[PDB]
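Below, in structure tokens: the form deposited in one PDB entry, a single chain.
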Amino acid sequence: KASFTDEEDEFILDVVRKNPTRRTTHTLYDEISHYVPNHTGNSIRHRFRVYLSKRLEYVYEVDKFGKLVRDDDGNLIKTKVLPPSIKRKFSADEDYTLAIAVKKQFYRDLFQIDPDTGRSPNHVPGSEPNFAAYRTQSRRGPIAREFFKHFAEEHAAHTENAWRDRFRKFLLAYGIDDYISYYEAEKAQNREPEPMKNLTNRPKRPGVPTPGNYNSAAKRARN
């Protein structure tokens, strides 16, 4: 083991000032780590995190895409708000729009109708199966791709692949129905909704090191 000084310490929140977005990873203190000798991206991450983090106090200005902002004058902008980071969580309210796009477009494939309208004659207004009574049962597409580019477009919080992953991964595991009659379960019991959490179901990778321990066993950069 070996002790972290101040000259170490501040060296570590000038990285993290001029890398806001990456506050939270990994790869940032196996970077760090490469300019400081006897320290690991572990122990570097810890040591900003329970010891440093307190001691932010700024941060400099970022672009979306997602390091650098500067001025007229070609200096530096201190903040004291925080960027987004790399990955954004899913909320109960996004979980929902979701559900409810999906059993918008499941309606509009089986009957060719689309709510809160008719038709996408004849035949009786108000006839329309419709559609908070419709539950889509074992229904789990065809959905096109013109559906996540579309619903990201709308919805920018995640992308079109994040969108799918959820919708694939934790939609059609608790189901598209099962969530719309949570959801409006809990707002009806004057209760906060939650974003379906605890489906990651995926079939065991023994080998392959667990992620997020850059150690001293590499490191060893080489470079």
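Residue numbers count along the first chain shown, from 1. What changes on going to the form deposited in another entry:
For the motion between the two forms, the hinge, where fit shifts from one rigid part to the other, lands on 86 out of 135, 49, 168, 86.
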Given for the second form:
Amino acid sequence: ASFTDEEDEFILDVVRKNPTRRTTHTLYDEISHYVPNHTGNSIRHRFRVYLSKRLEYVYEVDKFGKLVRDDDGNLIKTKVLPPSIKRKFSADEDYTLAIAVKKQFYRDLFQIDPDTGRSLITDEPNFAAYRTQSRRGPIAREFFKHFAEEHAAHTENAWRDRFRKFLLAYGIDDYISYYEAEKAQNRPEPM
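Alongside the form deposited in one PDB entry that was just displayed, please also present the structure of the form deposited in another entry.
The following holds one chain only.
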């Protein structure tokens, strides 16, 4: 659906009051709760392609991102954007995403559960010695929605682009082997 002048100014006012959370997914999810028929990603695109063009200014915040006020308790306008504070991805989080995506490729390919070897109900090779190769595969939206429920540190959205932008570029097999090698008397760094 479309955005009214009201929805547009509200989205702008919230981003100006939250400078450090402008590149997150969560801020737009929080905004969407107050905007009828719009998802968080719908609000995020609306800001990235249109509203960010006329941000004009943001409000002043401290090192923690909380709003700073004058001696009258009024907000202070500014044109200096503060650092985009975003939750980072650990090598462990990156691994679990590589393992989980390999497990889903396996299921979809061999119709055998990777964990037990049991057969699956649909509409043999070793998992460890299985290679996803160049497969980007078909992944349902439900995979990331369920994967965020298990790993709520990052949102389903955030997990989705970690796989498309980093995981698929670094290589699933490539990162799994890398993570394991460093695990033996070493510590692995995230993509």
